Amino acid sequence: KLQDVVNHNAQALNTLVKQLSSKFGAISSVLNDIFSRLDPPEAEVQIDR
Amino acid sequence: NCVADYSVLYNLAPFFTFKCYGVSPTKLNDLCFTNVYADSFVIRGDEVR
Amino acid sequence: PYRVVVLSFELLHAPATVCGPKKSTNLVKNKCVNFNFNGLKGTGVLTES
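Protein chains in written order, with the entry's author numbering: chain A, 947 to 995; chain B, 360 to 408; chain C, 507 to 555.
If you are wondering where the hints come from, they were derived from the structure by calculation, not from laboratory data.
Careful: at least some of the hints might be erroneous.
Listed below are the simulated DSSO-like cross-link pairs for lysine-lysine, each with C-alpha atoms no more than 27 Å apart in a straight line [stated by the list, open to error]:
{"hint": "1", "chain 1": "C", "residue 1": "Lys547", "chain 2": "A", "residue 2": "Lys964"}
{"hint": "2", "chain 1": "C", "residue 1": "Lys547", "chain 2": "A", "residue 2": "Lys969"}
{"hint": "3", "chain 1": "C", "residue 1": "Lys535", "chain 2": "C", "residue 2": "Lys547"}
Just chain A, same shape as in the assembly:
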């Protein structure tokens, strides 16, 4: 049980940190590239998403 608690916490943290790579249906998963490759009027939708 003591190891199980730590394993669950580590799994949750790892899932949360690895979630960042998800594009969420956008051009790219990095903010700087999206903000640099498009104007604000069309980039607002992607940023909000």
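Chains B and C: place on chain A using the hints.
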């Protein structure tokens, strides 16, 4: 292997539709590209879009 | 007849080949500074590898 400046590539003839996909049309100067192609062909009036 | 010119390119993160004229900047180390190494706008401390 060349330097592309869009300042020369500005309005030469009256440009009816200068539409760009995925890149802000006024930001092509700052961004750095990779393996750009070039095309040329002529279509009828009503089939432009 | 309409002269149709379509541009195609593939950006991803491949090494830069052509783009346009951008002034170069010298190299500094051990400071929390901005950097734009081949379109990679970001901050941090530049340290040897």
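Here's how the hints hold up against the structure:
1. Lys547/C with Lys964/A: holds (22 Å)
2. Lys547/C with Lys969/A: holds (19 Å)
3. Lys535/C with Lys547/C: Cα-Cα ~17 Å, so holds.
Violation of the numbered hints given earlier is absent; every hint is satisfied by the structure.
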